[PDB]
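For subunit A:
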Amino acid sequence: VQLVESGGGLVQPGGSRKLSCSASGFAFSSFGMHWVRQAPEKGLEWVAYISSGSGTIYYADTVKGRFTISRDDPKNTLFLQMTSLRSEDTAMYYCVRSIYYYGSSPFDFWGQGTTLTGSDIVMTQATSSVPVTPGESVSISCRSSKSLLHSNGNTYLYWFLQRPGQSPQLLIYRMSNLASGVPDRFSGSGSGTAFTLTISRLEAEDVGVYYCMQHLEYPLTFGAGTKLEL
Partner candidate 1 sequence: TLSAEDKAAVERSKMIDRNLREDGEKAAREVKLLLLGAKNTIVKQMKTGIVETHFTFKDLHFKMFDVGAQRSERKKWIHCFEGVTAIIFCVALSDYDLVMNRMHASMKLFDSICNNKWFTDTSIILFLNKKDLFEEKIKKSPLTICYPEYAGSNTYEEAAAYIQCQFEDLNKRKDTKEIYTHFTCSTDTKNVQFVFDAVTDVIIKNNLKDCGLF
Partner candidate 2 sequence: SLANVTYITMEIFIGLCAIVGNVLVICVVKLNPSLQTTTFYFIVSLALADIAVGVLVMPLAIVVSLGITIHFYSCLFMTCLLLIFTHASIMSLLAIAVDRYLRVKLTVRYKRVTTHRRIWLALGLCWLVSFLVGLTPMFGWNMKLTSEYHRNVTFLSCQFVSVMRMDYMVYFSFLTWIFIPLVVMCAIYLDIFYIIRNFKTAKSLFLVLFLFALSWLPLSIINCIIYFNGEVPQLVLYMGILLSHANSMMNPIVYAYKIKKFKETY
């Protein structure tokens, strides 16, 4: 299972460039796909989304109209068409796969990432940077504006780990749940408004930036970023 994003590089503001990624190792037609943009030294930004079978397509409000996203299931290639580029769109673009059923774990895999040179729920991080010595249990706080508790009974908050130099990794996909491939030291608890992630042991692989994301309603908004230092 891997995602290799092609395209990217130097481009004029008047120019237009096409971004595509190569999907392999999984049943690509059954997975919905995302594009997530990471600005330099800023938080993660959601761009677009296609459901399975190209049924429903959603866009971010800042890039709506200028951006076109499409997929080709026999080709196993996901395309992003960018027709108008500003000086704000210079950033790293990641591709995310996600499947949605009962007990599913969406946003479970992230691409390597290529470089390019009003009524939304706002996610804020209370601490910019907490230097933590290893072995000391800490809690990372994520604060939301609107309550994420839904009528069917599960709160839609996702925890991500940005290791320095690599792609983001999903740790916790919903509250009181843990993703596969993640050790048992990661544990999360939730409430109506305030959400926290409680880790117990610290190692060299646990340092990085932690982003909380919501999936209650489009557009998806990420957290500011809680950096950890050694």
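Here, contacts are C-beta pairs under 8 Å (C-beta built on N, C-alpha and C of every residue); 3 or more make two chains touch, one makes a residue touch a chain; residues count from 1.
Regarding candidate selection, all candidates are chains of the complex that A comes from, given by their letters.
Chain contacts in this complex place subunit A in touch with candidate 1, from the set 1 or 2.
Within the complex, the subunit A residues that touch candidate 1 are 32, 51-53, 55-56, 99-102, 104, 106, 150, 152, 156, 215-218.
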